[PDB]
Each structure stands twice: as structure tokens, then as C-alpha cells.
Amino acid sequence: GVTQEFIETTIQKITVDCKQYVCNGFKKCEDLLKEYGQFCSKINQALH
Amino acid sequence: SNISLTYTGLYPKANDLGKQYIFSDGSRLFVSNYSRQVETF
Ligand SMILES: *[C@@H]1O[C@H](CO)[C@@H](O)[C@H](O)[C@H]1NC(C)=O
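Protein chains in written order, with our numbering: chain A, 1 to 48; chain B, 101 to 141.
Just so you know, not all the hints are guaranteed correct.
[Unchecked claim] Calculated cross-link-like contacts (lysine to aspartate or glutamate; reagent style DMTMM-like; alpha-carbon spacing at most 25 Å): (1) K113(B) / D31(A); (2) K113(B) / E30(A); (3) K19(A) / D31(A).
[What the hints assert, rightly or not] Pairwise CB distance ranges, derived in the manner of DEER restraints: (4) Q20(A) / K119(B): 33 to 39 Å; (5) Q120(B) / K28(A): 35 to 41 Å; (6) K113(B) / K34(A): 19 to 25 Å.
These are calculated hints, taken from the structure and not from any lab test. Each residue gets a CB set at the ideal place from its N, CA and C atoms; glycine is no exception.
Bound conformation, chain A alone:
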């Protein structure tokens, strides 16, 4: 008898351009987002 088993070893690695994802390259949006702290850098570091 053959028992088949799948054990995953990877997931798809995703890096997100936080600035472009949130603001789409708009200066007003970037100025408004800067009030939220260092969100994009922390997101980049976490994903990396």
C-alpha cells in the first residue's frame, strides 16, 4: 500500500512597494501618510 503525503516547504515570496501601493506616487497622499510614522520602512523590513 502506498500512502501519499504532501509537506510544503516554501511559500511565494512577496515584496510590496509600500509607498506606491498606498499612495500611487501622489505627493499629497505621501504628505498625509508621513503622519503615520515609519510604516513603509517597517513593512519593507518585515517582508525582507
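Chain B with the ligand: place on chain A using the hints.
Quick look at chain B with the ligand alone, frame taken from chain A:
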């Protein structure tokens, strides 16, 4: 203090040579074309 922040503002470009202005000393004075050169603020 002891923190790196991203700032958006009025800053010079990196490795910018800029414009150099040289002044001399004199009777009749010696000057360049600076007074007739109008730059853009
Ligand atoms: C001096 O500046 C004038 C403009 O004020 C310019 O037309 C002229 O060519 C300059 N002379 C130089 C760079 O020798």
C-alpha cells in the same frame, strides 16, 4: 536624536557643483559680470 527619518523638503541635489562666485580686491575696482547675470529664485 539618534534616529534616521525621511524628510521631504527643500534640499540640494547630491554631488551638486553649484555656481562659483569669485571676488577680487582693488583705485578702479575689478568685478565680473555678476551684476548683469539674473538667476532664477
Ligand atoms: C557674463 O554674463 C552675461 C550676462 O550678464 C553673459 O551674457 C556673458 O556671456 C557673460 N560673460 C562671460 C561668461 O564671459
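Verification of the hints:
1. Restraint check for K113(B) and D31(A): the C-alpha separation of about 20 Å stays at or below 25 Å, so the hint holds.
2. For a cut-off of 25 Å, the pair hint linking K113(B) to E30(A) stands: about 20 Å separates their Cα positions.
3. Between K19(A) and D31(A), the direct Cα distance comes to roughly 11 Å. Compliance with the 25 Å bound is thereby established for this hinted pair.
4. Between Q20(A) and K119(B) the beta carbons are some 35 Å apart, a value that agrees with the proposed interval 33 to 39 Å.
5. A hinted range of 35 to 41 Å holds for the C-beta pair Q120(B) and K28(A), which are about 37 Å apart.
6. For the pair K113(B) and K34(A), the beta carbons lie near 21 Å from each other, so the given range of 19 to 25 Å is met.
Comparing the model with each numbered hint stated earlier shows that all of them hold.
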